[PDB]
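Shown below, as structure tokens, is a lone chain in the form deposited without resveratrol; questions about how it binds or moves come after it.
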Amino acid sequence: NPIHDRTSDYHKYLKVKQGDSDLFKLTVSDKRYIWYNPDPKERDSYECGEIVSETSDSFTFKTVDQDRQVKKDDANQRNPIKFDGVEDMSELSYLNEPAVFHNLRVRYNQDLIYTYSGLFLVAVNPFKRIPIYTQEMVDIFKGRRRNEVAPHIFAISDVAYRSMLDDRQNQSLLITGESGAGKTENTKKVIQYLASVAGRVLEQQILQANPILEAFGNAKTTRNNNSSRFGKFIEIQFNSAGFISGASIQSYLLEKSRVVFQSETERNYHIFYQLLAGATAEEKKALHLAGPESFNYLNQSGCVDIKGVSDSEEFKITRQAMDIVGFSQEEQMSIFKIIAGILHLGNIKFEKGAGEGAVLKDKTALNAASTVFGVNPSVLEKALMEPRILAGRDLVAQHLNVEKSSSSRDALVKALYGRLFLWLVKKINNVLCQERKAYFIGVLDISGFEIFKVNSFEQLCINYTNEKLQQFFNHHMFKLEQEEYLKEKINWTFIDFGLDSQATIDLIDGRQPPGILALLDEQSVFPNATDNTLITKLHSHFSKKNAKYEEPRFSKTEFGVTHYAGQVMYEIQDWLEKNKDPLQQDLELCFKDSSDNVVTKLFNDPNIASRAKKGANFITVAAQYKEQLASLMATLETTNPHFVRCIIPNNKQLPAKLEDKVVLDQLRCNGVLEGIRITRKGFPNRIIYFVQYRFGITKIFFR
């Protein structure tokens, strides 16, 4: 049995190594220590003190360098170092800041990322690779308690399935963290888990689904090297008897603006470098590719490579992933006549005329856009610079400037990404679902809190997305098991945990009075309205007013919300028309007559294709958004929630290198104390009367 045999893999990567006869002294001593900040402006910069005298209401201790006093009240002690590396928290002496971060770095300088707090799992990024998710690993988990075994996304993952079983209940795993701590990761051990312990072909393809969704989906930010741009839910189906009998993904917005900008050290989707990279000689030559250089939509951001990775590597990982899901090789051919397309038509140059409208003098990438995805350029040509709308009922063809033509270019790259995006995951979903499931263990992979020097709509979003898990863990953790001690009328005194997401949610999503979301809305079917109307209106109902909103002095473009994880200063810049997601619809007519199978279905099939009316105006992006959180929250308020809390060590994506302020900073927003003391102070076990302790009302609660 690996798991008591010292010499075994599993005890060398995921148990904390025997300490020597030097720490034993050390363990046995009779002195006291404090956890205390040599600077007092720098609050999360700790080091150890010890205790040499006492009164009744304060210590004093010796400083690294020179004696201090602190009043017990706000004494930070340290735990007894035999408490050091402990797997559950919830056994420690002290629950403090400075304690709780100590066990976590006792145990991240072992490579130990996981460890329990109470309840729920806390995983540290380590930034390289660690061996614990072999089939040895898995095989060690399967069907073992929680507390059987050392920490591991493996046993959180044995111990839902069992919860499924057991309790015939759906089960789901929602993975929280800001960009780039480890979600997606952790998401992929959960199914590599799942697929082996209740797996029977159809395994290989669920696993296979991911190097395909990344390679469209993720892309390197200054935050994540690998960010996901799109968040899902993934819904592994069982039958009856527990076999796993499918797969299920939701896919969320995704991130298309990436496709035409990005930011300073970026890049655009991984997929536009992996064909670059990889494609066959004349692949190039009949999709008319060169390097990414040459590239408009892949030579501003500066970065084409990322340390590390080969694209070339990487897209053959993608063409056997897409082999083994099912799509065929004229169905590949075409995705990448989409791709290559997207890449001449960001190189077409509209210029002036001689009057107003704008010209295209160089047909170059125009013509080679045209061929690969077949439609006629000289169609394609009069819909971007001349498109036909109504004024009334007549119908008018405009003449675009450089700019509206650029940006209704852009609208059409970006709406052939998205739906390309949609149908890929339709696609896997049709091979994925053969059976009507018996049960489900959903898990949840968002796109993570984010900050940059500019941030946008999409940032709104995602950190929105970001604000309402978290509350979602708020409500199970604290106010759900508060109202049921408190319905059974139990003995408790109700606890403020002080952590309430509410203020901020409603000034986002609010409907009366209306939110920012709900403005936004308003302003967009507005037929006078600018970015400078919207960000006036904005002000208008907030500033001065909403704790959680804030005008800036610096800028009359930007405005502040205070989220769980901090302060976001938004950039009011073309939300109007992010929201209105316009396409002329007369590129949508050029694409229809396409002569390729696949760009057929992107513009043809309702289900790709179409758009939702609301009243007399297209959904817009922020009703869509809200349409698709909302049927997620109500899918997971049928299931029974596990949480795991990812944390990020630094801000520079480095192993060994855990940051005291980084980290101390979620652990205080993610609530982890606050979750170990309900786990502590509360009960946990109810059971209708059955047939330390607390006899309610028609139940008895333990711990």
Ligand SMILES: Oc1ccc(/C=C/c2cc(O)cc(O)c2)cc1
The other form holds:
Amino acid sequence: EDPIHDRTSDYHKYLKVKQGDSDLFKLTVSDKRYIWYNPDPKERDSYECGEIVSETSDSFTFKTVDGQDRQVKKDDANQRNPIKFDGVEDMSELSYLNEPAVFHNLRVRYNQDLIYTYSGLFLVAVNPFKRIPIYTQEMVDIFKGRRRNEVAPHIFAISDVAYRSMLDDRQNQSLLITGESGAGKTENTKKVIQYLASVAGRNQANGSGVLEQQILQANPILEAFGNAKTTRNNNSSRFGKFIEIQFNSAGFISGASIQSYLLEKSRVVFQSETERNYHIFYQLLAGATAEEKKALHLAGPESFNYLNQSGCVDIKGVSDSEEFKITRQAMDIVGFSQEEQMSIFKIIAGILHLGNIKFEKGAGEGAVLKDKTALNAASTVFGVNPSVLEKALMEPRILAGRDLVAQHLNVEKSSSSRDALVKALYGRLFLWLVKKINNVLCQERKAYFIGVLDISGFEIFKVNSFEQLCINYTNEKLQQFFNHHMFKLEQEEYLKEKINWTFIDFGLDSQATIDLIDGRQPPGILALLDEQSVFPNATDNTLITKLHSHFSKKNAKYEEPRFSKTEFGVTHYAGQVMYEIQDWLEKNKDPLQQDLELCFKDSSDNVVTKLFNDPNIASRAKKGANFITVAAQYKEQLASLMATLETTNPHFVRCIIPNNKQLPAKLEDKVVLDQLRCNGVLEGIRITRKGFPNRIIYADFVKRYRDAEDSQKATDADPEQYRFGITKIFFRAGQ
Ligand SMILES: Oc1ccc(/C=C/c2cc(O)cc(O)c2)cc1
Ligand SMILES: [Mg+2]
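Can you switch from the form deposited without resveratrol and show the form deposited with resveratrol bound instead?
First the chain shown before, then all remaining chains and molecules of the complex.
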């Protein structure tokens, strides 16, 4: 009957370790012992299993695979766990906690498509890069109300636990999913949403499934405009997002809210070789009707500068035409009128035409526009005067004191201004899409919420710019948040309760890297960038000179390379990254000629006019004598997010990428181990084994299962499996 106890169910077939045979049983009852060793001293992440054949008071002697005998100190020995542990669902149960042992367990499970594994109090998820039938409604129904220890590891399980904690403690919760680019953060986020929507959805009729349905449909919309193919992930999220799933006092979903972060606007006008622009561009050109393509003056992606420079217009296994159908159905369900949808595609189309405008040098240094085909097509779909747009692009007016001076930009500046317009149009459209979605989703004051964080993951490319710094900085802060909660706060609690705990230094601390980036006193990188950003004579060169001056040979996480004069390295928790300074000032200032804004404010299109008239979308905090910079704006939004997260009970999911080829069944030890190390996975397990997880105040420990407030002799007979703090009683591991 009960699926979890029926070895024939899909639950058992796809979520539990397969039954071993009599031969494995023989090996499982063996008295022989083993160690994980490095056949090649250089490759410390490549292990083999060797049998221990002898030992001394302080060393082991084992046989290698080839046959030679090696000796090693017992203090430096990585013993292999009894194979009965191979596949264990919670690695905190492992007898030997060492790198090769932890990797091996994950490998055994991975080899039989068990991608989820507990690592103490948090979940580990290794990307399978293939479909596994463990997310059906049947699967959802099984974890409902189950205790973590009662069911197999699963993203649904941690989701249910956060949900039960929210109701039992009446405290907001948060699901923080970490991982480098392509690790699986977005897929797992969708699953947390799917699970919450179902488990706490309105179990009534179609209507009672409208909200929940609009919640799930918000994703396809955002991904179509916010995701793109990069060299690390075919569906890379180019924006971060904190999703608030709201519940009423009864525990029913009452709504949801989405906060988007740092959209990579630059991708609209530039893409590295083999990458793509945002999905939506390809979806429109491939899935639009002949009518629409005529009205929008559309054509093949190869006919557009913004889509024909990477050498890639399609993704293997993806039908852009079919995806366009999915995107449109999601807009319908969410609530985008047909008039609004057309305006949206007009903007997308307009952007493409703007990209085809070719500026040329005129008689003098000023640029001219010989062929006006693209300019006119763009103006047509946007609903603006082409004559005004042309002038705003090549001859924008600015102030020179108080005097009004018409400029005449050369080819390079005209092209940049046109790109600025494009990026502003895309960025504002995205914010608008998010805004519209939220108004529909937010229809009542929440009583509680479970926040799901899904940011752009840690990434390194051949060329890393300001966008990568912001992305990696964010990932660095998320890691410190894990370190803060798993180690710092945990031990501080022991210290305050005085339960005879000697402080342990786990060696995980990204504060130095974080300060190097966002520090104010002394000023970090972002601070010096802002300073240069308002200095009238600053250049990309003065900026990097400034950076080297403040940090070269002075900050341990910074490096001035000897092989370049335009790059600087930052040692992140996930590895050192070299950043190219080109365009940082312009990207931080994020300029846009006012004449361009004036031109579009007069747009005949309802959507376009709102992108330039709505102050919440078109206005910019002019805090000071200058507009707030991207750096100051983002640093601010991030500090706000972190403050919010601190008011919740956090649940961590560490996504792990198996390799860098987006291939299934190919778990690479070096790639996986690097992530396990920088994520602090083993340290997190150790703190859980050597620590005291649960703890309750004495006075309020009167059998939640007399009343004097002393936990007095409430000894329910182990003196080692607990302690007594100044105001609480702690517990070793199992209750
Ligand atoms: O099954 C698979 C599906 C997709 C891929 C991605 C390949 C790929 C293609 C590129 O142009 C650049 C890149 O960095 C990676 C690999 C395996
Ligand atoms: Mg993602």
